[PDB]
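Q: These are the residues of each chain, in order.
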Amino acid sequence: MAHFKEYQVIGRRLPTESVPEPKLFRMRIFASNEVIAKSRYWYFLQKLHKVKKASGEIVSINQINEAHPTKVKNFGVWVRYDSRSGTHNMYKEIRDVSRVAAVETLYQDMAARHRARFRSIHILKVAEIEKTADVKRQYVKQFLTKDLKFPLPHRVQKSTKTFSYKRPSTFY
Amino acid sequence: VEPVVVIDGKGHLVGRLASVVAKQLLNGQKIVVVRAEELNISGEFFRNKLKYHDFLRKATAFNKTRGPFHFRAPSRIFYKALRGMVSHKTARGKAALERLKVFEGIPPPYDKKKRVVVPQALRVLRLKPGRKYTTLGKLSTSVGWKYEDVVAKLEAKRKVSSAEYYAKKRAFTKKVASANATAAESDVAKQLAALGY
Amino acid sequence: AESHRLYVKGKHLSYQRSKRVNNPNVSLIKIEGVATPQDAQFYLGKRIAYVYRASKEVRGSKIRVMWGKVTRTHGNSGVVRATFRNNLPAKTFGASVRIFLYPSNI
Amino acid sequence: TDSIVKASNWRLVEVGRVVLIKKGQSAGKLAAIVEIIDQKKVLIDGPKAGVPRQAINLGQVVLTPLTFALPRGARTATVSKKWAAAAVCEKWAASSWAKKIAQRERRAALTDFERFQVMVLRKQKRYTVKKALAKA
Amino acid sequence: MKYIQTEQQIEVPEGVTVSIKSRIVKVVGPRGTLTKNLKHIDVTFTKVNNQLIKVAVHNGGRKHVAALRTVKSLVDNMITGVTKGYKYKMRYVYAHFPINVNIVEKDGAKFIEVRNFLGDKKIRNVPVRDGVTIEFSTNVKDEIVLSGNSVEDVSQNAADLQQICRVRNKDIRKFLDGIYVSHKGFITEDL
Amino acid sequence: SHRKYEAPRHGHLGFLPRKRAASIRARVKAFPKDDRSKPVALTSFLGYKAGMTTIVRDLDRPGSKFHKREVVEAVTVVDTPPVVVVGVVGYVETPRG
RNA sequence: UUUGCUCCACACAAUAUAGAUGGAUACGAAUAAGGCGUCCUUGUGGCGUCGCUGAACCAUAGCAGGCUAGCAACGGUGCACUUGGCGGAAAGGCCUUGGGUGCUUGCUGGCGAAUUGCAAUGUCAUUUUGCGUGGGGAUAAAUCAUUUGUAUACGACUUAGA
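Protein chains in written order, with full-length UniProt numbering: chain A, 1 to 172; chain B, 3 to 199; chain C, 2 to 107; chain D, 3 to 138; chain E, 1 to 191; chain F, 2 to 98.
By construction, these hints were calculated from the structure, which means they are not laboratory data. Here a beta-carbon is modelled for each residue, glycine too, at the ideal position from N, C-alpha and C. Certain hints may be false.
Claimed, not checked - Incomplete in silico selection of chain E near chain D, CB under 8 Å:
1) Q9
2) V12
3) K21
What the hints assert, rightly or not - Derived SDA-like pairs (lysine to any residue); straight-line CA-CA distance at most 25 Å:
4) A:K149 with D:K24
5) D:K125 with C:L7
6) E:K21 with D:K24
7) A:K146 with E:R166
8) E:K72 with E:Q162
9) D:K24 with A:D96
10) A:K161 with B:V118
11) F:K34 with B:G198
12) D:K102 with B:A183
13) D:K127 with B:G198
14) E:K21 with A:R167
15) A:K146 with D:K127
16) D:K102 with A:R155
17) E:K110 with E:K63
18) B:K130 with A:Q63
19) A:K23 with A:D96
20) B:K134 with D:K102
21) A:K161 with C:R6
22) E:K54 with A:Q138
23) A:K73 with A:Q63
24) E:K2 with D:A9
25) D:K50 with A:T70
26) E:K184 with E:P127
27) E:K54 with D:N11
28) A:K149 with E:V65
29) E:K63 with A:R113
30) F:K5 with B:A63
31) A:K52 with A:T70
32) E:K2 with D:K127
33) B:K176 with D:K137
34) D:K127 with C:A2
35) D:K42 with E:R62
36) E:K39 with A:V59
37) A:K161 with D:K127
38) D:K25 with A:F163
39) B:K12 with B:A63
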C-alpha cells in the first residue's frame with residue numbers, strides 16, 4: 001500500500017454500567033499512516049468481536065520500530081489471501097532487515113505472483129526464524145550457505161548523454 | 003553538439019533508435035544512419051518474418067500501386083519505422099525528414115567520419131541476454147531485398163581499408179604517447195597536474 | 002581568438018501545448034548542456050534573442066531580432082519556458098536561439 | 003600443450019567487498035558489504051567515510067576491485083577496525099579510478115584565472131612535445 | 001527461481017587439450033580436433049586444472065540451468081569423439097527386395113547410393129558429411145557402419161540414411177523395409 | 002452472393018500491363034549467367050524478322066507414333082547481317098544495382 | 001532575332017536562408033568479454049594496465065585580434081605552387097615530396113584602443129541570379145510543315161528528305 005509502518009493499536013468497547021474497564025484488545029497493524037491503521041484495526045476487530053467503530057474506542061496508537069534495524073533476519077510470513085475463486089492460506093519466507101521491510105516486499109510479491117491487492121490480504125503472523133535449517137523455502141536457503149559470493153554479470157551503465165562515442169562496455 | 007551526427011546502426015534496436023532519431027530530427031539535428039543492415043529487432047526471426055508478411059498483405063484492393071508500399075531494404079524498413087514516429091504529412095515533419103539520411107553499409111563521405119552509438123537503443127544494453135533477436139539484413143533478404151552479398155563485399159573492403167588506417171593511427175599515437183612521456187616530471191607538467199590537467 | 006560566443010546555444014522546441022491545443026504565447030527552449038531542472042534554475046530570467054535574416058534592409062541591418070526572457074523550468078529534463086515581446090513564429094521549431102547571461106548574478 | 007580457458011574475472015559481491023555509492027545522500031563515498039540480503043539487496047556500512055549502516059540495492063552502488071577481510075554480519079566498530087587494518091582508503095586513493103574522480107573534481111573547481119593558466123601551461127607543454135616529435 | 005550459482009564439471013583426459021576463448025570450444029586429441037560455437041548460451045567456463053574444468057551459470061532460471069547440462073554434455077561428446085571416436089552400425093531390413101547400397105562420386109562429392117528399395121526405379125542419393133567414413137562391414141549380413149569424430153555428423157548421416165528409406169503410401173507396420181540404426185558405440189573397442 | 006459457376010479468369014495479370022512499349026527495340030532484362038571458364042562470347046544478337054516458311058524433317062523421339070517419320074513444322078526466318086562492335090561499357094556493383 | 005554561349009578571376013548590385021557562430025575527433029569484433037602496452041614458443045599465448053562515460057581530446061591570449069623590436073629552437077601552421085600515391089558504394093576526398101611566402105602566445109618588451117557614452121545580434125556565414133568589365137575556349141540541334149506505315153481515335157510512335 002506504501003512504505004509501511006507498524007503500529008500497535010489498542011482499543012476496547014465503550015464502558016457501560018454493567019461493564020466498566022472493558023477487556024482492551026490489541027493488534028499490530030501494518031499501514032502507511034495512523035489514519036489507515038485505525039481503519040484496519042476496526043476492520044479486523046469486527047472480524048473477531050461484536051464491536052464496531054461506534055460501539056468502541058481507540059485507546060492508544062503507537063508506532064513500533066525494529067529493535068535491531070540493521071540485522072538481516074529470515075522472516076516467516078503466514079498469509080490469508082483471496083483469489084478470484086476462493087480464499088487460501090499461504091506461508092512465504094522473506095529475508096530482509098525489518099518487519100516493516102518484509103511486509104513491503106510481501107505485498108509486492110503477492111501482487112506479482114498471485115495478483116492479490118491490499119484489500120484482499122490479511123497478514124496473519126510475521127515471525128522471524130532464529131535458526132538456520134528451520135528455513136523451509138529454497139529461495140531463502142540460497143543465501144544461508146557458508147561463504148556466499150556471486151558476481152553481477154552484464155553490467156549496463158546508464159548514460160548521461162543521448163550519444164555515446166566509444167561503444168558500451170558490459171564488463172564487471 | 004555536432005552539426006551532422008553519424009550513427010553506427012550495428013547492434014541497435016529498430017524502435018528505440020527510431021524514437022531517439024525521430025526526436026533528434028524534430029529538434030533540428032541532422033542525422034545520418036549507417037550500417038542499417040545490422041539493425042536488430044527483439045523476438046526471434048520467424049516472428050518478425052510473420053510480422054512482415056502481415057504488413058505485406060495490406061494493399062489497396064482496387065489498385066495496388068497506390069497502396070501501402072512495402073519497401074524491403076533495411077534502410078527503408080528503418081525509415082518506415084521512423085516515419086511512423088514523425089508527423090510526416092506536415093511541413094515541419096517533411097522538414098524533419100529532410101534532415102535524415104539512411105544507408106545500408108557505410109558509403110563515402112561517412113566512412114571517414116566518427117560514428118556514434120545510442121545506448122538507449124543498444125541490444126546489448128536493452129535486451130536481457132538470452133532473448134532471441136533478428137538481424138535486419140537476413141530478414142530483408144528473406145522478404146526480397148536483393149543486395150546482401152554486395153553489401154557484404156563492400157563492407158569487407160571498407161573494413162580492410164579502415165583496419166590499415168587504424169594500424170597507422172595506432173602507431174602514430176604510440177609515438178605521441180612516447181613523446182608525451184618525456185614531457186612529464188618537468189615544471190609545466192607538474193604545474194598542470196596541480197591544476198587538474 | 003577564434004571563439005567569440007558570450008551566450009549559451011539553445012533550440013526553440015515548440016509552443017506550450019496540450020495534446021491538441023497549443024499556446025503560442027509561451028515557448029519551450031532546450032538549452033544546450035542542461036539536463037535537470039536544477040541546472041535550469043541558473044538560466045531563469047536570462048534574456049533570449051532569436052536572430053534571423055531578411056532580404057530588405059530596414060535600419061541599416063539585414064538582421065532582425067525578437068527579444069525574450071526565460072521564465073521557468075519545464076519537465077524533469079532541463080527544457081525551459083520563455084515568453085517574448087512578439088511570439089516566435091513556429092517555422093522556427095528547431096531553430097537556434099541565443100540565451101545570454103549579461104545579467105549573470107555571477 | 004595446456005588447456006587455455008579465457009574469461010570471467012568479475013568482481014564479486016561478498017562480505018568484505020568495498021563499494022562506491024553512486025546515488026543517494028552518500029553518493030560518492032566508500033562502503034563495505036557486510037551482509038547479503040538477496041541477489042539485489044546487500045547491507046553496507048561505511049563508518050570511515052561516514053555513511054550509515056543500511057540495506058541498499060545493488061543498483062545504487064558499484065563494486066570496486068578492492069576487497070578486505072570481514073566476518074559475516076560485522077557491526078560498525080568491527081567494520082571500522084578491519085577497515086583501519088587493511089587501510090583500504092589508501093589503496094583506493096592509489097587507484098586510477100579515484101584519481102580520475104579527483105581529476106574531474108579539481109577540473110570543475112577551477113576559477114577562470116586557473117583556466118587561463120591551464121591554457122598557457124598547455125601551450126608551453128605542446129611546444130616542447132611537438133619539438134620532441136620531430137626528431138623521433 | 002533464479003538459483004545463485006550452479007555448475008557442472010568436464011573431465012579432460014590425458015590426450016586431449018580443450019581451449020575456450022570467448023565461447024568457442026576446441027578439443028584437440030589423438031583423433032583430430034573439433035570446434036563448436038557456443039555463443040548462443042551465456043555460460044561461464046573456468047579451468048581449474050588440466051584434468052578438470054568447471055562450467056557455471058550465475059542467476060539462471062529453470063531453462064538456463066537446463067541449458068548448462070546441455071553445454072556439459074556437448075563438450076563431453078566432443079571429448080569422447082576425439083578420444084574414442086563414434087560409430088553407428090545400421091542394418092538393412094527387407095521382406096522381398098534386396099537393397100543395394102554403394103558409394104558413388106560426382107566431382108568429389110561422395111554420395112551413398114540406395115538402390116532397389118521395395119523395387120523402386122528411383123535411385124536415392126544421400127550425401128556424406130565431411131568427417132564421417134563408411135565401411136560396408138564384411139562377414140555380417142546387411143550392415144553399414146558410419147564412424148567419425150562428431151556425434152552430430154555421424155548420427156545425422158545415420159538419420160539421413162534412415163529417413164531416405166521411408167515407405168513403396170503403405171502400411172508401415174507391415175512394410176518394415178528400410179535402413180535402421182542398430183548400434184551406437186565407439187570406434188575404439190574395450191571402452 | 003457467390004459466383005454460382007466457377008471459370009478461370011480471362012487474361013494474365015503478370016502481363017496485365019497491355020500498354021505500348023517504349024520502342025520497337027525491346028529490352029533484354031536478363032542476360033545468361035556468367036561462367037568465366039569459357040571463351041568470350043556474345044549472349045544475344047540482333048536480327049530482323051523476314052517471315053515464315055515450312056520445313057520437312059525427320060523426327061527422332063523414341064516412344065512416339067511419328068518416330069522416324071517426316072513431320073512438317075512452321076519456322077521463322079530472321080535476317081541477321083553480321084553485327085558490328087562500336088563500343089564497350091562497364092557496370093559496377095552497388096548496393097542500389 | 002543586332003556579339004550569342006561556356007570556364008576562370010574580381011567588380012557591383014540584387015536573392016533568400018527548416019536555422020554557422022572553435023573542431024562531425026574514421027578500426028573491427030565480442031558483451032558470461034575486451035582496448036592498449038610489452039615479451040616470446042606469433043597463440044583461442046604469458047605478463048602489466050585501463051574502464052566505472054565525451055565532464056574527454058585537439059584547439060583556444062593578441063584592433064572581429066593592430067603596428068614594431070629582440071631571445072630561444074629548426075618545431076607548429078595558413079596560403080599558393082609542385083612530387084608521387086591511394087580512394088568508384090553516392091569515388092570528387094585522403095596521404096605524401098620539395099622549396100617559397102605569411103603568422104607564431106615557446107619567452108621578453110614598446111606603442112595603439114576611449115565617445116557605440118550603462119545593454120540593444122550591433123551586422124563577420126553560404127545560397128542562387130543578373131550585369132558590364134578581362135583571360136582562355138568551342139562554333140549545334142530540336143519542333144512544326146513534307147514523307148513512310150514495323151505505328152495510330154487525336155496526340156504519340158516509326159522512317160525518309162541539301
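Q: Taking only the CA atoms, is the gap from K146 of chain A to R166 of chain E under or equal to 25 Å?
A: violated, 58 Å
Q: Holds or violated: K73 of chain A with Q63 of chain A, Cα cutoff 25 Å?
A: holds, 20 Å
Q: Holds or violated: are the alpha carbons of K25 of chain D and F163 of chain A at most 25 Å from each other?
A: Holds. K25 of chain D to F163 of chain A sits at ~22 Å (cutoff 25 Å).
Q: Closer than 8 Å between Cβ atoms is the bar; does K21 of chain E clear it against chain D? Give me holds or violated.
A: Since chain D brings a Cβ to about 5 Å from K21 of chain E, closer than 8 Å, the hint holds.
Q: Regarding the pair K21 of chain E and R167 of chain A, is the alpha-carbon distance no greater than 25 Å?
A: The given pair, whose Cα atoms are some 21 Å apart, holds under the 25 Å limit.
Q: Hey, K130 of chain B versus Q63 of chain A, does the alpha-carbon distance stay inside 25 Å?
A: Given that 25 Å is the threshold and the Cα spacing comes to 42 Å, the pair is violated.
Q: Starting from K134 of chain B, check that the Cα of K102 of chain D is at most 25 Å away, please.
A: With a Cα-Cα distance of about 38 Å, the restraint between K134 of chain B and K102 of chain D is violated, given a limit of 25 Å.
Q: Can you confirm whether the C-alpha distance between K42 of chain D and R62 of chain E stays at or below 25 Å?
A: holds, 19 Å
Q: Take a quick look at whether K21 of chain E and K24 of chain D sit within 25 Å of each other, Cα to Cα.
A: Distance ~33 Å between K21 of chain E and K24 of chain D Cα, so the pair is violated.
Q: Using Cβ atoms only, decide whether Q9 of chain E comes closer than 8 Å to chain D, and label the hint accordingly.
A: For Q9 of chain E, the interface hint is violated, since the closest Cβ of chain D sits about 13 Å away, which is over 8 Å.
Q: Going straight from one Cα to the other, do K149 of chain A and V65 of chain E come out at no more than 25 Å?
A: OK: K149 of chain A and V65 of chain E at ~18 Å, within 25 Å.
Q: Is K54 of chain E close enough to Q138 of chain A, meaning Cα to Cα at most 25 Å?
A: The hint holds at about 24 Å.
When the structure is compared with the earlier hints, violations turn up for hints 1, 6, 7, 8, 11, 15, 17, 18, 19, 20, 31, 32, 36, 37, 39 and for no others.
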